Every structure is written in C-alpha cells, then in structure tokens.
Amino acid sequence: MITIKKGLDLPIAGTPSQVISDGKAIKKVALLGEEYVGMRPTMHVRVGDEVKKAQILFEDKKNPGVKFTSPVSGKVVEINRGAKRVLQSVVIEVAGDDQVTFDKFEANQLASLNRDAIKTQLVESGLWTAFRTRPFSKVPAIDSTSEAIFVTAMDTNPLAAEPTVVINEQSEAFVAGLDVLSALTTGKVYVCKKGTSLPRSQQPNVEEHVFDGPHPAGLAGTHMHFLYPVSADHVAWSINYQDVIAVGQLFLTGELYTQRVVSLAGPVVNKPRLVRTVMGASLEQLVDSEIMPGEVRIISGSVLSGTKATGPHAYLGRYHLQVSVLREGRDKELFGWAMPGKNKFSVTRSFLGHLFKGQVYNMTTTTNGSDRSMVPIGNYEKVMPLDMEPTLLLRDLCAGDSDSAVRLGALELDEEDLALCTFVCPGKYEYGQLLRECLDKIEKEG
Amino acid sequence: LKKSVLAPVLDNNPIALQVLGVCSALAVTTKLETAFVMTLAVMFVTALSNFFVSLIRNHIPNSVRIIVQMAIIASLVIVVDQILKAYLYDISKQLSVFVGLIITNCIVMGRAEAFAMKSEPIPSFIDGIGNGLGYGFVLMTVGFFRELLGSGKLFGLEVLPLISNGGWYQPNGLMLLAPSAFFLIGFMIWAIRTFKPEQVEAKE
Amino acid sequence: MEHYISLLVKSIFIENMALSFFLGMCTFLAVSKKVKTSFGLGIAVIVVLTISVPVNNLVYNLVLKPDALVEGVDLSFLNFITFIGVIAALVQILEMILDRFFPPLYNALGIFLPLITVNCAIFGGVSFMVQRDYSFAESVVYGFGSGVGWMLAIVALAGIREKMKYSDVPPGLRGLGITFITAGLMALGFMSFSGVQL
Amino acid sequence: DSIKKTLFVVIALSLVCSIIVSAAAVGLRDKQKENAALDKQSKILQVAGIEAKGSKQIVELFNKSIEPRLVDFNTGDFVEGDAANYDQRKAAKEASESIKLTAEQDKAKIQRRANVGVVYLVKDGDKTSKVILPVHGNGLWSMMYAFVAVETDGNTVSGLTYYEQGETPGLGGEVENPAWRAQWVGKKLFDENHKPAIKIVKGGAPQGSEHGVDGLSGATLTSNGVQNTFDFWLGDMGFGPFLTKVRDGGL
Amino acid sequence: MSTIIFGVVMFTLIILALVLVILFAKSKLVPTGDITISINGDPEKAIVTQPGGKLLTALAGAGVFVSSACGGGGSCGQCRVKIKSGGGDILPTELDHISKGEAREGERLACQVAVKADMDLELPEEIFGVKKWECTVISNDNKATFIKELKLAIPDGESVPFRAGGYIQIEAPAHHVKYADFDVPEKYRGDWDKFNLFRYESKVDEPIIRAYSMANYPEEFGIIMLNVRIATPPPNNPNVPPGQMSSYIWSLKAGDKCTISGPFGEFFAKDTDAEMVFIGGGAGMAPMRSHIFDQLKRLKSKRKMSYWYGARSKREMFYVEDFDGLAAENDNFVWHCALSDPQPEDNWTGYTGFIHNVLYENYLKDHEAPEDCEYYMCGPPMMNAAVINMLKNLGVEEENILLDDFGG
Amino acid sequence: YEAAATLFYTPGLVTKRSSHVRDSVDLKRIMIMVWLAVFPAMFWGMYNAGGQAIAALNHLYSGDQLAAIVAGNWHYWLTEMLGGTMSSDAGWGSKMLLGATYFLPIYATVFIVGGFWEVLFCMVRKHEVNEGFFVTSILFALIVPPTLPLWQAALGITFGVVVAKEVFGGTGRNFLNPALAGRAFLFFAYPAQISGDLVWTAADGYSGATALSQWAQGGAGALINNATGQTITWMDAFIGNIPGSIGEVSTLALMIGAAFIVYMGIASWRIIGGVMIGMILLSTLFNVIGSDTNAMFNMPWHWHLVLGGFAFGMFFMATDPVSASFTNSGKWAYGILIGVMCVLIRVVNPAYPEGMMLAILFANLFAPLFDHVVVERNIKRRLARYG
Ligand SMILES: Cc1cc2nc3c(=O)[nH]c(=O)nc-3n(C[C@H](O)[C@H](O)[C@H](O)COP(=O)(O)OP(=O)(O)OC[C@H]3O[C@@H](n4cnc5c(N)ncnc54)[C@H](O)[C@@H]3O)c2cc1C
Ligand SMILES: CCCCCCCCCCCCO[C@@H]1O[C@H](CO)[C@@H](O[C@H]2O[C@H](CO)[C@@H](O)[C@H](O)[C@H]2O)[C@H](O)[C@H]1O
Ligand SMILES: Cc1cc2nc3c(=O)[nH]c(=O)nc-3n(C[C@H](O)[C@H](O)[C@H](O)CO)c2cc1C
Ligand code: FES
Ligand code: FES
Ligand SMILES: [Ca+2]
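Those protein sequences? They're chains F, Z, D, B, P and H, same order as listed.
Heads up: the first sequence at position 253 corresponds to 253 in UniProt numbering, and the numbers run straight through without jumps.
Plus 6 on top of the position in the second sequence (first one is 1) and you've got UniProt numbering.
Heads up: the third sequence at position 80 corresponds to 80 in UniProt numbering, and the numbers run straight through without jumps.
Plus 5 on top of the position in the fourth sequence (first one is 1) and you've got UniProt numbering.
Heads up: the fifth sequence at position 30 corresponds to 30 in UniProt numbering, and the numbers run straight through without jumps.
Plus 26 on top of the position in the sixth sequence (first one is 1) and you've got UniProt numbering.
Incorrect hints may appear among the rest.
[As the list claims (entries may be wrong)] Part of the chain Z face toward chain D, derived, beta carbon under 7 Å:
| id | residue |
| --- | --- |
| 1 | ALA33 |
| 2 | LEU46 |
| 3 | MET49 |
| 4 | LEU61 |
| 5 | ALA80 |
| 6 | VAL86 |
| 7 | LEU90 |
| 8 | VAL103 |
| 9 | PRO185 |
Just so you know, these hints were derived from the structure itself, not from any lab.
Cβ coordinates follow ideal geometry from the N, Cα and C atoms, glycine included.
Could you build the full structure based on these sequences and the hints that come with them?
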C-alpha cells in the first residue's frame, strides 16, 4: 500500500451515478489527428470513400509502420485541416457493419503466444496506438520492447468513472488482456489499482499494486515514479483498463472491440451517469437534450486535462474515458477579487469556503484573475507528491530551459501530471504546454 | 591614423566591453585627482610596454614569455611609482596599492599579448594611448559623478556649497562607498549600449 | 588559537577580497555564469593564494626587508617584480605538476589556472601582507581566508545569476550592466560587517 | 641548443631594466624622504599658529621656530636622541622599547604604549612659549591622531587638530571642523587639584565653561573615543608627569 | 652607488633563479615524446610529429587538408573529425556546432582538438583522393548581367570524381585589378555603363582563397564548369573594398591558369521515389543545373521533377536550350521561369512576379499533398527566406528542404 | 480612469487550455491581503508617534514656551486647528492626529513617486500595472522614522523600486527586497536623519535614546524613559509604548496581523520558525559565554523579540516569497541565517544598534545557494533511480 498524501480532490458539482446505461445513437466518429504526440500523417483515404472497421485511415511518417484504423464502418465525409494544413479529424458517417477480422485463440494459449505475433496483430488491428511511452508520451515503435507495462485499473479524475463497475462486466476480457500483456512484456506487468477487488491473472509476471490518496495518484506517472522510475535509458509503456479489455476481446474473438463506457457528468448535466458509446463518437450528438439551457463548454476528458470539443475536435479522444460539461463564466464582478468567498474554492485558506467542509462548487470556466508573474507562495508543493522540487522545475519550464528541466525531472512527466500545478497557480500559467515545448526540444536535440 | 586612436573611447571600450580593468575603476574614482593620475599612469605604462614588447617581439622565448613581459611591465610600473612618491606624494598615499596593481591590471597585459607581439612599434604606442584614453573616459566620468554628488567638489574646488560650511547641499554618502561605482558603471553601460545597439549582447 | 581564528574569520567575512577590496573583478564578473565553474575557479584561487602568500613572505623577510641583507641597504624597490615573478612561476610550475603527475586534478581545476597566473587578487593579497607585516603562520592563515572569501563571493554571484534565468532584463542592460548592478547590490548586502573590529 | 639564446636575451633585458630601475629608485630616495617629512612639518606648523605656504617656507619656518625633543613617559624628563627622526609608532610596535597596557589602564584602546615620546617645543627666540603633544585613541571606525598645543603654564590649550581620523564624513568626521576645533582654544586641561578635567558634553556645553567642549552631533561613539583619548593621555601612563614638570617649571 | 650594484645583482639573480626553475620544471615534467596519429585506424600509414602543435596544422603538414575556412579559431565549422580515443574533453567552442548526436558518435571539430597524446581517428574514406590541381582558363564569357561562366581543363583528361553539387576551393596570389581588364559584351555593358561600375578598383597584396560550386554532372569529362557572380560593392556603401576574388576571376581571361582543389561538397540529393522540386535563382543556377542534369542523364531517373527559376529579365536566364532539350527528352521533367520586371523587347508570355508566389499559386495550391515532395533551394537571401516561409506555411517539413547558402 | 478600472472590476476572462477550471486565488488578492494585515500596526504606530511627541513636548516646554513651539510647527498648529490639543492631557484622538500628520505625507510621497516609476517602466515595456507595489510602498513608509524629510523618502523609494526591482524585470523577477534596499540606500547615504538620538521622537528639541541603544550603554538598568521618567518594562516593548520607527513598535499588533496571513498560507511559517530558532540559539549562546564590558551579551531571547524591528522584519519582510528560498528545506536555513545575522549585528557590531535589514539582505544574497544545495542533493537521488 503506497499512500499519497499531497494532492487535491476537487469538489465539483455533478458527480455521476455509477450505473451503466446505454447511450444515444451515434452517426459520426473521428480520429483526432492532433492528440497523437509527434505524428505527421500519410492519409490512405479520400473524402467520399467507403471504409470498414479496423481499416487503415492514415499512417505515420515519423513512426514507420504504426497504422491508425477506423473505429466503425461507413463513409469518410470530412477531413478537417486547420492552420498550416495540420490534420484535425477524419469524420466517418456510420453505415453498415463490415470489418476486417483477425486470428482468434483460446483462453489457455494467450500467454504462450509469440511476442512478434502479438506485435503484428496489435499493429494491424490498430490497438498499438493504445500504448504510450514515458518519456515523451509517444506511441511505441513497432520494433522496440519495454521491460515494464503499466495497466491503469484506477480513475481518480474529477467526475470520473468507476473501473471496477466496468471490469466486473468483462472479467474474462480483462484477464485475457492481462495474459496477452504478460506475454508481450519483457520484464513485468504492473496492474495499479485501488483497495477494491479485481480479477487477477494467474501469471507470476503480473503484479497488483494498491495505491491510495487524493488525485495525483490515479495517473500512471505516479505509478511509474513509485514502482519503476523512468529516464532516457529506461522506458515504460502505459495502457488503461478499457484498452486491456479491448486487447483481450481482440485476441479472444478475432474482431476489434470499439465499445466504450464513458461517464457523462458535470455541473450543468441534468442527470449524470455512465453511458455506453463507441470509440471516437460525436460529443455533440452524444450530449444533446442532456444539458441545462444556456452557454456551456463540452470537454473531452476531465476538467483538469481535457480537450475543448468545438467543431472539428468535437469527438471523443482516443485516451479520454469521460465527458465533462460546465457553464462558461464571463461576468465582470465589482470587487470580486475582494469578496469573502463563501462559494469560492481554493487550496489557500484566504476564502470562507474552506471553513465549510463537504461543500461542492458549481465551477465555471473563468480564470480567476489575469496573467501575471510567478510569486511562489507554496501552492505547487501542496499538490505534487513526486520527489521533485516543484517551484524550481516550473521556473525552469517557464524560462525555456531544457537541460535544467531534464535534470530536475521533466523526463518523468506528462501534461496530466502538471494539471494541478496549473490549477493552483496565482499567475495563471499553463505548464502542460511548456512541458510539451521542452519535451519537443529534447526529442529534437537527440 | 586617428580612428585607431579613438576607437577604444566608444566603439571598443575596455571597461564597458572588454571587461578588463574594473578593479582600479571601482577604487580610484572617489577623487578626480586620483582618477586623472591613474589615467596618465596607465596610458604611459601601456604605451611604453607595447613599444618595448614590439621592439623585442621576435626574440622573446616562448617558454618563459610571461616572465619576459612582466619584467618590462614591472620595471615601468616601479619607475612610475618611484616618480610618483617624489613629486606627487599626496596622490600616492591615496593610490597606495593600486600604483603597484598596474602590473596585474588586465589592459596593460592584454594589449601586450594581443597586439604588441604581432604589430610594429609605432602602431603599438598608438594602441596603448587609445586604450588608456578609453580607460580614462570611464574613470573620469565615474569620478566626476562620485566626487560631485558625494562631496560637492570638483578636483578639490568647491562647487555645490555643503551645508556644513553655510551652504544648501547635503552630500550623498553612498558616492564615497562600495556599491555606487557598480551602479554608475552599469548605467553608463546602459547609456552607451542605448546609442550603439551593435554592442547589445545576445539573449542566449 | 584565539588569534588565528580571528584572522581567518576576518579575512573571510569582515574584509572580503572581492566585495570589500574589489580585487579580481574581471574574472569575478566574467566567469560567474555557472556555479560549477565558479566553484572550480574559487578552489584554484584558494590553492594559488595559499601557496603564494607565505613564499613571498619568506622572500621579503629574507632579502627585501630594509637592512635584512647587510646593514645600511634597502632593496624594497624590487618588491613588485619579485612578487609578480614568484606568483607567475608558481602558477606555471603548478600547472605542469598537475598536468603530468595528476591528470584528474588537472582536468578538474588546472583548466582555470591560466586565468589566475597574474590576477589582481593574489598580488593585492601579497601587497596587504607586506603592508601588515604578518608572520609566516599569519600569512598562511590570511591567504587561506582570503581565498575562501573570494570563493564564497563568486559562488554566491553565480547562484544569483543562475536564479536570474527567470528575469526580464532590458536589452541594453542584458549581461554586463545587470551583472554590475547585481555585484553592487551584493556589496550593499556585504556591508553588514563594516563596524566589526575583529 | 636553444638555451643560449633565451639565457642571453633574458640577461640583456634584465641588465637594462634593472640598471634603469636601480638608477631611478636610488636617485629619488632623499626627495621622497623630504616629501614624507614636510607633511608632518606643515601640520605641526598649522597647529602651532605659524603661517606658512610652500615647501621652502614650511622648511624654513620649521627649522626656525620648532625644536623637537624626546620625553620619558614615566618620569617626564627629557631624553637624548635625534627627535627629528624618531618613529613613535614603530617604537610602540616593537616589544623591546614599548610596554603593554592592561585592560584597566588601556582607556583609549591602544593596547601598546612606547616608552619615549616626542614633543615639539614652539619657541620665538630662546624662550619656549608652547608645547605640542601628540595624542591618539581609538574611535569607532579607526584610530584617531591629534596635535594638542598646551601653553607654558601647562593647563591652557591653544588649539587642536586631527590629521588622521578616518570616520564617517558627516557624523564623526566633524572632528576636523574648524568650528569644533576653535571650541578648544582656551580650555583648561587640569582642575585646581591637578586632575584631568576635559569633558566632552553630550548636548552642548554650558556657554562659557572652562573645562567642557561640545560633543559631535549624531556621533556619541566617536565623542567617547575623544574623551577616552584625553582621559588616558592626561593621566599617569601618558603626559601626566611631563605636564607636572612643565607646571612646576623648567620647560 | 652601493645600492645600485646590489639592485642590479639581485634583480639579475632573482630573474635567473625564476627562469631556471621554470626551465627545470618544464624539461622534467613534460614527456615531449613523439606521437603517431592513425590517419585511418586500420591503414598502417601514420603521422609521427612532436606533441606540440595543432591537429589541423599537423594534417596540413602531412598533406591532408579539410574543407575548413577557419585557419584556426572555429569561424565557420566545416571540419569534422571522428576520434575513438584522443582528445578527451569536448570543448565549448565546438559544442556550438556539435549536437547531442555526434557527441555520442564521438566526433569533434579539428581546430579544437589539440595533439597531446597518441590518437586514432577515422577520417571519411573519400578524403584520400582530394589531390589539388592547377588548370588553364579556356573561356570567360559573360552569361548574365552580373554572372560570368568560367571553365578549366584538367590534365590527363581525368575529371575529378565528385558528386553533383560539390564545390572546389580556388585560390590565387596577389594581384592588381581594374574593371577595364575583362571583356563585357554590349548587352550587359549597357547597364554596366549606365551605372558606371568601372569607377571601382581594387588591389590585393596577399594570397586569397574562395570556394565555388560546379555546374557539371560527373559524366562530362576533362572540363570544370562553374558560374561566378561579381561581388559589385553594395550601393549602400560603395567606397568599401570591392569583391577581390570575384573581380579577379572576372579579370581572368583565356590562357592563364589557377589552382582547383578538392572534390568535396554537402548539397547532394537523396535517392527515393519522392517528387523533386528545384527552386533556384540568381547565381545559384549552377548547382541546380548540376543536380538536374545528373539525375536525368546519368541515372536516367524517372521520378517526377520540376524546376522553377527567377530572374529580373529575359537577358539574365541561360542554359535555356539545354533545359528545353532535357524537358523534351524526358517528359517527367518540366521547368518554368519568372521575371520580376520584364522588358518590352522580349515579348514575354510567361509568369511574372516573385518566385515563391508564382510557385505556390500555380503548382502547390491545388496539390493533393504538398508535403510529400522534397525541395532543393539555392539563391539570394531574400528568395531563400521567402520560399522557406512559403513552404513552411504550406506544411513541408524541415527535413525535405535542403538549403544551400552562398556565403553564410 | 480606465487604467484604474482594471482594479475595480474583475478581468472577466475564460480559460483557453488544459486546466479548464482555475483556482479562485490571484496575485491581486494576495497583495491586498498582505496590505490589509499591516493596518493595526499602522494605526498603533500613528498613535504612538503622536503620544511620544506630546509627552516629549510637555516634558521640555511649559506655558508660554509651548505656544511658541506649536505656532512654529505646522504639525502642531494643524492638530490644534483640526481639533486636537497639544496639552499634557490629550486623549487618544489628539495623538492619532499628530501621528497622521507625520505618516500620511510620507506615505503619499512614497506612493506617488514609486507609482510614477512603476507606470513609466510598465508603459515603456508595454505591460499592465501590477499590485505588490502597494506592499512595498506601505512597508517602506512604515519602516522609517517619523522625522524623515520627504525628498529623502522620494529618493529612497526611487532607488528601491527602480534599481532593486524594475531593472530586473518587474514583480517576481528580482532577487532582493525593494523596501529594504531603499531603506538601506537612505541609511548609508544620508545617515544622520535615520540614526542617533534626535530622529525618533518627533518633538522639537528632544534628544533621547531608544532601548537597544540604552541596553548597549548600561544594560537592563539603563532602560528608562526620560520623557516620562519611568522604566521601560517588558510589557511596554511588547505592547508598543516605546519610541522607534513608525510601524515597528507594537509586537502584539504585528502578531495579530501576521497570524492571519500565516493562517491563509501567504506567509511562511517555516521561515518564521527559522528566524525564531536562529535568534534563540545565538542569544542563548551569548548569554552562556557572557562578557563584562559588553552589556548586550546578557540580553535574553525574549528581549531580542520585542526591541527594535525584529518582529516587523520576521513577519512581513523576511517572508517575501520572491526573495526567500523556493525549497522547504532551504526556507529553514534562510530563516536561521536571518535570525543569526540579526543577533550577531546587534551584539558584536558597535556601529549599528540593530541589523534586522542587513541580515535580510545577506540572506537574500545567500538563499539561491541553499536552493542549489537542496536541488543538487535531489538530483543524486534521481540518478540512483529512487526519485
Ligand atoms: C560554400 C560556398 C559556395 C559558393 N558558391 C558560389 C558559386 O557557385 N558562385 C558564386 O558566384 N559564388 C559562390 N559563393 C560565394 C563566393 O564564394 C563569395 O561569397 C564571394 O562572392 C566572393 O568572395 P570575395 O573574396 O569577393 O569575398 P569578399 O571580398 O570578402 O566580399 C566581396 C563583397 O563583400 C563586400 N564587403 C566586404 N566587406 C565589406 C564591408 N566591411 N562593408 C561593406 N561591404 C563589404 C564587398 O563590397 C563585395 O561586394 C559561394 C560561397 C560559399 C561559402
Ligand atoms: C514561542 C516561540 C518559541 C518559544 C521557544 C522557547 C525556547 C526558550 C529557550 C530557553 C533557553 C534558555 O533560556 C534562557 O536562558 C538564558 C541563559 O541561560 C537566561 O538568561 C538569564 O541568565 C543569563 C546568564 O546569567 C543572563 O545573562 C540573562 O540576562 C538572564 O536572563 C534567560 O532568561 C532564558 O530565557
Ligand atoms: C508575505 C508577502 C510578503 C512580502 N514582503 C515584501 C517586503 O518586505 N518588501 C517589498 O518590497 N515587497 C514585499 N512583498 C511584495 C512582493 O513579494 C515583492 O514585490 C517581491 O519581492 C517582488 O518584487 C511581499 C509579498 C508577500 C505575499
Ligand atoms: S584589474 Fe583585476 S583583473 Fe583586470
Ligand atoms: S571552418 Fe571554422 S572550424 Fe572548420
Ligand atoms: Ca586594523
């Protein structure tokens, strides 16, 4: 039992009810081209050309061999390109049920498979893009092998789902995916979970570790820091639990598994709950007639690290297992900075809201204040459980310093790991973007 | 001709650009008389040393080059010191250590290494004169400001009447202390690099 | 032990070689971008000063002191040349000893030795010693303390200049002007030990 | 054989440079000595009241009117020696001809007192009308040196001057202020009972007092130094017995 | 007078003691043994020289010369030496030119490496045959308003083996030059006299060295072909010394000879099935002609290719007949031109305007994938910057854009 | 008017990226909370200045001499005109008036000049005017004697703002304390209006020592108030009925004001505890070794706390987030060095009656070294794959 003591559990209105109910019919899916880190696509489809399930839509130039396949069958209707012809999404009208099928095995021989056979089947089916590597949070090369694979069987994000509710539905697929992963990994598999009981794989290669505390703890970065510290020499892969269910279903049935169970919740959702959906579903079609009237923001993922789902990016991400909707706040307040906050959340104790425990806050999307320089009153240390000096590393990221940030531990971090430091900043900085800048420079100077 | 003389005043200044020469500038600029005497001594020593190292530039042994150059520089500085203690005794008492520190002053040795070893005699005297001119520009500006605002006198002549002798001025105490010279040279560098942006350093 | 501790603490803090006496400000203000390089240069300065000051004390008291050689002679005009020659020769011999006998210590601190072959800090230390008429042990302690104070000052300046990666300095003040102003503020801080008569 | 060239060049250069250096340094030695002495001579002339300007006039008036002599601090009796070349500071430093003071005797924080001191008897004609006593004591930032001119009676003061003070230019360096120095003319060092009676009054001295002078304003820590200087030097370990002999007669 | 003798004696003796102790410490504490440098680790030939000196100096003494423009000081940074064991410390003066990659490959810059001990380095195999040559000038006719074509013929009829796009170092002794020496045909002598450039003059009194790029593919033998631009003083500051080497090459006529040294370069095309786009203008027509002619005639390549040129007027463009022949013999090749300020006499029926605008608007705007092609670029700085920015905005990677900078 | 309208109104903006919900705190609230915390100290300082001045005036002059003194100074006759009284039986209101006539002109001058320099720099560099100058101006106005000239306050705020802060980049981009740097400018430059016996009781013709200057001359027996004639008890220095700088005297009000900004998380309890630890250790060591000639060698640790500007500097000026150390392990060493240097300059330095700002400037010089030591100890863990 590793107990994380420094963190922050955001009190935000609209916690979902952990009951799975079917979702509204979806007629469009997409693959958001700007979420894959360091990708430059080679398109294998043209607007108006029919596709199948698990048919290649584009390919990578910087990562030769990694194929990004369609979630469902239908017709490509839109290929949105933004500024500098950067790919934004590939929208597919849902029609038909055709699909590309692969080889199917039994539950027994999943662990005795060949590593290269597993590699090629995952690459062809498109599930290879479920993996990401620390450092640099990139899809692994099809040639490389890792000595530690981290399965994330917990979810502590604000308004997140309950992994046990889902895994109790397909324990068979979860165990099959864990066997396949233990056959794929050179060293070990780390299933990171909470105290509750989960299905267990009978392999001596799979080890279950229990984590506990507020939420910096649900992130795979804390797990890697505490179980297998990563660097330029030691690289570790990370997959979530629904993708492991998908891997198990693939290797058991021979056909790609595209169904998901996401949590639709927020302050302005009429009835929060877990809703079934398909990979890459259209959020505007998923969440219509389900939000309160007014002006809201639809987010793909949590409020800490998500993507604003507007227009061409208004589809579910590949690595996001929830939707968050909350009202946009733009009111100018008379002395709002000087009002005693009965209804204002802060990690500081300068408002009256901290005196009332068990309170929930209907939070808008306003940035309380304006952009200013950093004055370290000590908010970053209160939300960083890792073994780093937060203020110095964040100043090294701000100052555009790559070597010093790498010495202070940038190679262990993702944009999700600095979301709380961005959250609690008085100067309204955003450290995920600066971390991605430094990591891009480090990838280049190699 | 003249441009080789006047380049170190602004375009390539010792104290402002080629950092060599800060130690005596921080110290002997309290009084304009000591600043002037230091300027003259540095000009004379640098010029004569460059001339002699140029005369013997070919026959200096590479193994003990530093000894052979320090011999000439230290002899010139020793002669200058023995002449100062005879005819200007008050100035030397306030210049006590920095008269001998002209040997380890960096201008005198940098001009002897970078120029005098590879140039003719007549241009080397001129190089020394020009570098001393820039040195003295800095010294005289800082000394003027410090002695005016800190003691109300210029070259020992009362200008702003102090309040102690029936006047209206109360002199500053920092202009006679350590930090004021740093600030004055920093703001002088700012003013110089405002008019000449080619000297502005790069962000990296 | 009461008298030698006083000299050490005095030379380190009450009269700092760099911020109180203004000796060596060229390398002080130039080689102080990194704490690593400043530490190495400070160690080299400590070593050279400790080896240099007592040897010059010996030479002075043996030859150059008035009436030391024969009665009625005063060879005190050779002070400058003798001191600078001893300092330069010691620096060169130390460079060669480190380069041939001990390659690691040479690659560590000998890299900075060509800079302090003729530095104002060491010559000023020897000059202050001949002024104050220290004994051999007092010269050793004074040299060690002066080197330690110089190292402390330059390491502090390097730490400040590394903290200042977050600053936004005007273009004309970028680099040398802001380093001058920083050293001025450091002297303003170091003026705490002004009245202590130790 | 490259050694011959470097040896020959180094020897020729050394001979030339050293001939020049030794010819310059030895030639100007007496000029340097005269320039060193004339400063103290001019200071003593200023303290004594004689007006002089220029090196020639200073030297002439000093050799005319001032006659230095030696005095034994213990008994206050003149000692035989070359007073013009006596170095009292080096004498006090050297252990053979100086005594150490205990903390209860060391009022002025000097810690060392020489045995024989020098005094400059001002004289017009054969008669001596004044005596100039050098006194010194520690201030706050440095040691302060003085020249007090005591009249023939042995009590009255005719002028004071600090030539070496080294304190803050406007708080405690006001010991070199002409007004504060003119405050001293007319005070009486000893009371009717032959004890030190010079007092530095904090707050200004009563108008017309004979024993008290004003203190420095903003500087009580270098007015303490002056008072301790005078208390020690007018005592038993200073010019006490000498001033007693002067008062009795036979200056 | 007594002190003068002691002063002289003591000064001399102290200086002797110091010098002699320095000499004794130097003689004993420096090995000064001879080192053998393995030019290439496996070949048995090696350089035996005293430890003192520099790597580039020892190499130049042994005859191997790298294409550096420094001569000491690391000005430009062309030298590349790969040592396995030798100079241990990597110097900050070369750390600017070396990244984290070659720091793991083990390379260094030649001027920075100092010979102190036995080292073994792996020079590139191609450096062995860099024999310098001296050849007679055949023709020096003016092919453009400010550009003249120079030709030299190699003895033994052996055109030095060099890939298309390489460059030679040509060097000359001192000379006195005036613009009344060389021939200027009337077509360009028009503007020449219109701005009376003959008022200029120059006198070089020291040897000089410059580099120039070849405009001939390997299969053409015996001849060395190149286009050289005159470095006419900028109208902003005219009184400055004119282009010394340019004016010298211009003053050169038939019959005289100069030194051509080294078949080395860096601007060589990559070989895939990726469409090629050649963007050149000004004096940079020479490497573009070299590349295109090589790819077409030598390799008989069929990959889709294009060539976009830039000139102020029709009188400035050249090799027109050659490129028409190439485009006629190979249908995949297609080339165009563009004039900034065309003239009335030429009766122009071609694209006019800046070449980046012309190329972007006409060709890549409708292209299904503007980032698939790979672009080769060489010319004036404004053309370079403009086309670089246009391609970046279109989305072409920096990998595809191979840029050659004349004097940068 | 629109430039000030940035202060009265919230900006009314939204978030653009990853953290779609932001914390409610900003820099404005932090700076205004630190500005409001020194109001009890400001008010008690004005009250104490007025009361000390009235007591000293009534001790020296009487009857017809008082009238000629109150008609000579505009502070006195302006109090008499506004409604107070300069007699010996004036209430608490006649003392706060006389204290305000001293404090408010200095605060106005400091605010105006510093704001001019700050607006000039932010205009030239095209930024927005920032808070955190409110704190600098109020602290500078509160750490100076009541009898300071206004041109000296202007020069000092100019030096503290331009050189120490604005030259480096602005708020949060400097390494030193602006208010203490300005106050140090006025102490070494013009040192007769900020030292001595005649600058701390704003009475015309009153020379009287403070308490860390009466202790150095004769010990705890020498602590007697000459204006009133009675001893300076411990509860006098704690409550604040002692002469000195304007807003430093009341340790009780300073504690009341600092407990708030320490509770809220704005001030550093680590730095405060470090200062207390260093002071207690060094003062107890001095009391243990002891001396005969030096009377400061026997001042207990609880007398060091209430005398001079120790509490003001420990609470409000040694807790500057930008000048201090950025590491939790470095903050302890920062505070310990501050307290140690303060006690050292108090005891073994004869020329300065206190060193609470020289200590803070020293620690400002040396804090980045502590941060460096800790981060270099942290890097060695990461290389061993245990961090
Ligand atoms: C790798 C490479 C390949 C090249 N290939 C070619 C090629 O194929 N064809 C070609 O024509 N050129 C080519 N060049 C360019 C050519 O080699 C030179 O850049 C230059 O044109 C000739 O050298 P130069 O001796 O005249 O230089 P310089 O004499 O140093 O420069 C001449 C010009 O510089 C100006 N100038 C110099 N100093 C100043 C000053 N202080 N103030 C004002 N103006 C000044 C002169 O007025 C004159 O216009 C190449 C350059 C490089 C680096
Ligand atoms: C609330 C903040 C934290 C509170 C922390 C409390 C820590 C207290 C530390 C106690 C240390 C010793 O406590 C302190 O000892 C010294 C010397 O021994 C005593 O000192 C006493 O004796 C000495 C020696 O004769 C005298 O010079 C001195 O004047 C007298 O007060 C102090 O009166 C006492 O306060
Ligand atoms: C607890 C706290 C204490 C502060 N103390 C000071 C101070 O003593 N002097 C000052 O000029 N600014 C002070 N500031 C304001 C701010 O920190 C100051 O501008 C920084 O030093 C950057 O300029 C303080 C701010 C906070 C939040
Ligand atoms: S003056 Fe000391 S180094 Fe140049
Ligand atoms: S050209 Fe400068 S290093 Fe080779
Ligand atoms: Ca002393």
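So, going through the hints one by one against the coordinates:
no. : hint   : result
1   : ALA33  : holds (5 Å)
2   : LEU46  : violated (19 Å)
3   : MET49  : violated (19 Å)
4   : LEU61  : violated (20 Å)
5   : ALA80  : holds (4 Å)
6   : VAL86  : violated (10 Å)
7   : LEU90  : violated (13 Å)
8   : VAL103 : holds (5 Å)
9   : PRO185 : holds (4 Å)
In summary, the numbered hints that this structure violates are 2, 3, 4, 6, 7.
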